[PDB]
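The form deposited in one PDB entry is given below as one chain in structure tokens.
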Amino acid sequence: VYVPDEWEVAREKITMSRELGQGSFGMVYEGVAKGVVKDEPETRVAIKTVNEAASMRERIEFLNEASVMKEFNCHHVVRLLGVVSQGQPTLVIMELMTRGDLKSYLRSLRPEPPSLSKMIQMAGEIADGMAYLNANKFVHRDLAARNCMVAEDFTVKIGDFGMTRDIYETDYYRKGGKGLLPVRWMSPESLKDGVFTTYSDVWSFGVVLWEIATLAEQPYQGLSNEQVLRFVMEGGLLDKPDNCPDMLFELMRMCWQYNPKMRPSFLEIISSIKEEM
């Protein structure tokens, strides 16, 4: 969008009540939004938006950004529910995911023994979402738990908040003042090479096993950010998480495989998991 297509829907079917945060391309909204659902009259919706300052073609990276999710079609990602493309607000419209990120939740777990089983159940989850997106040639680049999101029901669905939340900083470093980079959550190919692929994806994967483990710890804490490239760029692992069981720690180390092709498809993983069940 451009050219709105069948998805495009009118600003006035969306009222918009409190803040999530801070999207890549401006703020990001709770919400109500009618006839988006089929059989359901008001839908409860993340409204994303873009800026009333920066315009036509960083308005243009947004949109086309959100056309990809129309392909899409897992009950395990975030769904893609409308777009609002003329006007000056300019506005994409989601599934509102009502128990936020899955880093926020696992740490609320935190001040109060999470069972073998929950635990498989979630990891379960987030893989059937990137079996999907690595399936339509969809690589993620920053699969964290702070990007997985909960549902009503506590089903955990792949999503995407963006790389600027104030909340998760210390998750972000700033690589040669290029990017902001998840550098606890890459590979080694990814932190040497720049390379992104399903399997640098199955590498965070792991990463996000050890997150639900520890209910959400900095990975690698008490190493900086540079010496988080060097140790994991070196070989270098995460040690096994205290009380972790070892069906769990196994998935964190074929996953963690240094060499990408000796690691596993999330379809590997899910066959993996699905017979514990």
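Residue numbers count along the first chain shown, from 1. Superpose the two forms; the largest set of C-alphas matching within 1.5 Å is the rigid core. First, how it differs from the form deposited in another entry.
For the residue set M163, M119, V139, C74, core-aligned C-alpha shifts between the two forms reach 2 angstroms or more at a single site, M163.
Relative to the superposed rigid core, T15 undergoes a CA displacement smaller than 2 Å between the two forms. For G26, a C-alpha deviation of 2 angstroms or more is recorded between the two forms after rigid-core alignment. In this overlay on the rigid core, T49 has a C-alpha that sits less than 2 Å away from its partner position between the two forms.
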Given for the second form:
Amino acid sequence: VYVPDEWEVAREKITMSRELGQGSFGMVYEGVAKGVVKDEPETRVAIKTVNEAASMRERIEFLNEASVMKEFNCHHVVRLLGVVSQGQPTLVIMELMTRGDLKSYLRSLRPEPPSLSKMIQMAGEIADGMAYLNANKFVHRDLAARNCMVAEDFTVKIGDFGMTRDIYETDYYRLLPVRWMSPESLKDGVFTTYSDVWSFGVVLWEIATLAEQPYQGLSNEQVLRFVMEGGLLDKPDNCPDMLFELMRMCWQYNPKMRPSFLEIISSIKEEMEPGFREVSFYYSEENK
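With the form deposited in one PDB entry already on screen, would you show the form deposited in another entry?
If you are looking for partners or other molecules, they are not here, because only the chain is given.
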């Protein structure tokens, strides 16, 4: 039973320019919202709509999942700006990421690549956002280049998690990214910070291959068998040892033996850009 609040915005103030493509619950539009940002009368925003093929059960799921993001304030996690809970379509307005998803972006760099220092940068930003989320007791469950977003200034941020969330799970039992999923996720549907770290390893591999499909030539059923039986992605051609060392740490079959996101950041903080100190969660007062 969603209760409107602070975050509720008048539908009047919102303007939907053009389609950006399908996200978790429905179409995401580019647009403009009046007075959703302080010291900014009008703001360029992304607007996700729940389609009209949406059960009340799903329209409520949409708002509650969005509402999780109300508690989030992190430079490396895409920000919620406001909610339109009354009337249809139900809107969730958020920070517009003007260079789209990291997968598309990485695909665009293919024989027109990124330097080692530019890849470490992406890794640390993603790791920092994920460290922030795990600090706020949140497991993403769908970390992947396609759900990392790129800002105007090339900052990478943690994006859509909706895609994997069922309406019923927790209380009752009845969509899985097998190529990004840890063995314990594939075997038992266990999703923890440590499973998110596995996915993070796969995103490094995506970054180093400019978004090849992980385990290409294996079907989804084959990947499920292969990874559960200790299968691993081959080190990409001319992948820096720095990075492949990180992938190996993330792909420890046993979750206990995987590094935390903080440990990952510690291991690369030397090679991070100077700015990262001011914007990051890692260096923030909020970090433990």
